[PDB]
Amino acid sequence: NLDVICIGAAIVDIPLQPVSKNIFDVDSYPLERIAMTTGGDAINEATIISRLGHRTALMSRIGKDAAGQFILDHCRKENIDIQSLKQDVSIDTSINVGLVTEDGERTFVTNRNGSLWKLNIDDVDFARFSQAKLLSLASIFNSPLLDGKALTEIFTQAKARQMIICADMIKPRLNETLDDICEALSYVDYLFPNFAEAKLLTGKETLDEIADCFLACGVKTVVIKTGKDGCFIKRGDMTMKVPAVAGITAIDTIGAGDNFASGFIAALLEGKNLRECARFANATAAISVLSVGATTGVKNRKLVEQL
């Protein structure tokens, strides 16, 4: 039953919207609502993949506090295995405060000493790798301590157990470079970089050469989501384009990448071909964007096959 192991920081988000610098001009500024939600690429993937029908275990680091319990309760409700996810009394679970302006954009106030930054190789339960079929590193660069060297060790353990290795990415937090993770990337079977960010990291404009940079490090398959025209898939022996499902407006895009990866992964586990995986990924992403929040759209699976 355990199909996937998701490694990544599980955190809590608190969006303040709509706000602007003017909030500093009064003693008390009222909003229509202030609420906290579980967040983080890892938690989102574990949630969506579980809903799609595949048992998932989450490996992360959280504090022994209310935010941490909120995360554990979420996991319990979603049937996400948390045996490996332990609580650390010396740290505060990361609480990310989002400042969302009238334009819809947003900046963040974060805890530099939060759980997300403390996550490291000690939080990876290698003994459990033999229990799953696929490993998803939910965001290379997200937790700086999981650097190239740590990622290489993690992936070496994963491949020793024949696991499929999938990895997403975010923009480097400490000026890390592609060269610093090139070795670890040689172990990745499916890489899901984001177009914009991938452009910065590689310094290339075309999807093709951008993909080439990753293939150059040993990545087997590069799957680039191209918001609007589906996704661009590249390998050393082929290039494939699978247009996004047409007819979708979509209110919000946060978590789009997470739902995309979750759908692709669910498809992989079911043994579908690359085209079928891309279609499922695009379909899952399409449903997620129609609702507000990263995991509100995709409630089960019927909704996705419905497309």
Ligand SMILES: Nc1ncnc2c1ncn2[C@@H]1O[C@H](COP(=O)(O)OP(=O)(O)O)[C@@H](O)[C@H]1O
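Basically, rigid core = biggest C-alpha set you can superpose within 1.5 Å across the two forms. Residue numbers count along the first chain shown, from 1. What changes on going to the form solved in complex with adenosine-5'-diphosphate (ADP):
Looking at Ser130, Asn79, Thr107, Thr156 after a core superposition between these two forms, you find that only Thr107 has a C-alpha shift of 2 Å or more.
Remark: with the core as the superposition reference, the CA shift of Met238 between these two forms stays below 2 Å.
Once the rigid core is overlaid between these two forms, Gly53 does not reach a Cα shift of 2 Å, moving by less than that. Shown in the overlay between these two forms, fitted on the rigid core, is a CA shift at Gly293 smaller than 2 Å.
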Given for the second form:
There are 2 protein chains.
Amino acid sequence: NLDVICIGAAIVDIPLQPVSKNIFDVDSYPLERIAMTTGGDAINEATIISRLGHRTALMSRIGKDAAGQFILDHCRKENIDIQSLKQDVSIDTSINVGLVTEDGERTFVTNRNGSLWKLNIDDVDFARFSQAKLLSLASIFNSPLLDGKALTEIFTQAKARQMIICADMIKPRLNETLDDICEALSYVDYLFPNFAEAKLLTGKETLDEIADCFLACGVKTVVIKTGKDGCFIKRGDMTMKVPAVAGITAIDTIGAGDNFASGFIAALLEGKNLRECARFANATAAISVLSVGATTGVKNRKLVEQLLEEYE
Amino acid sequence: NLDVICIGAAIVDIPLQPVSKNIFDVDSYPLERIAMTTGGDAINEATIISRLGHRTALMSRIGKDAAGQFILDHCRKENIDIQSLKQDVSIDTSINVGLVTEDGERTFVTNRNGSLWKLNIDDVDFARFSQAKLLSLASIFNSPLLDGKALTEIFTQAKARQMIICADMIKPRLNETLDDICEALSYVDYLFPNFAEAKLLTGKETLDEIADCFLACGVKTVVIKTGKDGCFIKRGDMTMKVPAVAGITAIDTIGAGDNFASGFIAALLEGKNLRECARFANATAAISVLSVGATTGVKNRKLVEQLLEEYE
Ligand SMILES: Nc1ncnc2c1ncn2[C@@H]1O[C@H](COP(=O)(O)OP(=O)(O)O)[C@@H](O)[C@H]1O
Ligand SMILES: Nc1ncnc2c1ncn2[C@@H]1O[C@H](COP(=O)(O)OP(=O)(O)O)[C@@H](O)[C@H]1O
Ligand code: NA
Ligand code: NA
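The block above covers the form solved without adenosine-5'-diphosphate (ADP); next, return the form solved in complex with adenosine-5'-diphosphate (ADP).
Time for the whole complex; same chain goes first.
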């Protein structure tokens, strides 16, 4: 009954909005509310995929603390399988405090030593791999210790067991290059790069050229997210552009990529053709940019399906 | 077995240091650590009084959330009785985010709707008052709903059971004046105002003057904390100054007042005379200003007693 296993760091965000740009001008900021929220690509994806109707399991490692507890409770409420989401007293669950000014300005205070940086291949339980159909690596480069060699092993274990392999990416944190992951990429079935970051990573400027760098490493299908323009897909010699949902005015696109990937994976598991998977992903992502927060918009599934009847 | 009942708001803190004065512009601050800490006058006192060898119970109300559970974990660990520390599903446990600059500056982002603001007389269980000897109101004015009328009621209940009533203070949050709590003050045996804040509240400049406004309301003993100068004590005409522990460098005075009151209360329960109660309070407070954090310095009684020999 398990369709997806998502691997990545589960973390907690604490948004502080809105604060003055000259924060120390005053002594205190009595906000309307201060509360934790689950964040991180892995959490967002497992959460959205689950709401879309596909049973998911999250593999990660958090601390034995209040933030870790909040994550587990979130997963229990979303019906995310948490058997492989272990707690460790030796670490602190990463907590990202995001400050925002009553004008738009943003900044983030993070824990350079949080659980996000501690995640490694040891937190991956291969025995469970035969229980799901698809593996989603919620962000290559996100957790540095999960480098090329680790991913190659993770993906190698996934491929025995015949799983479909999906992966998103973020900008490298430790100067890594495409070189560092080219071998790991040869095992990937669907890669979901972000245009700007993919451009910076490959050093190429056009969608075709950027996509070719990944395909040359062995990736089967490349799905580049182009924000307002939807997405660009390339497999073998075939390319296809799929326009974003029309008319939408984005509040904020935080987590838009995660929602996109989730919608795509859902369509994939349901056997839709490549264009249909792209439209479902664009529709899911579109709904999420209309609300503040990564997982606010996509509350269920009906919402996405309704937007689909109105894609134009 | 139960020696003290402390009443106040139990909260959690997330200290962020060090951040830029010009916090925005950057996008990131990878700190060495971001972790929760229990905080609040009531929690700090219950904690230190417990480490000093006296059993304490904390009366409060927090949210039935992750933060709340964290406070309950801290209490159990410190052997603080949490029978009267209720969890409420409808409220969010207050979380204070503290920002500190590399060179001094401090600001706090708070939750104007937090549990701290919700505390009221209904959260006080008068039935247990017969189980303890001393009542400690961890800060008049801290929780607005506990105004002069409520305190009068609480203190009347405490006095009918012959408890010793101690009270600490903070600066009024909603423009309350000394007249708003003068009737309540007539039930207090020991009041611990901070010098600067007492000056603002009473409108006086002299310790003798300040102490006098409180004595006028019926307070038995006034113990004004004067930082590096130790403390000033005054009773019906009788006045006394007690020098602080000399030679104390002083790293930070966060929670120094809570430590002072805890040491004073411990000495009172041990039957010490007024002067040595002050010495013990000054000694406990001294140890706390040497370490960063409110309850970091005073880990055990022996640490204070050692410092006590050579108080000079
Ligand atoms: N303004 C928008 N209108 C419609 N869909 C959008 C919009 N912005 C983002 N999306 C959806 O989110 C997906 C991911 O967006 P992303 O590439 O990260 O955009 P950005 O760089 O603007 O943050 C897109 O492929 C699209 O489906
Ligand atoms: N520099 C110091 N040296 C010795 N004891 C100190 C010092 N600073 C504070 N204390 C202790 O803490 C108690 C309360 O401190 P308080 O007056 O509130 O300090 P502050 O004004 O720095 O907040 C004092 O009465 C004293 O016992
Ligand atoms: Na995005
Ligand atoms: Na103090």
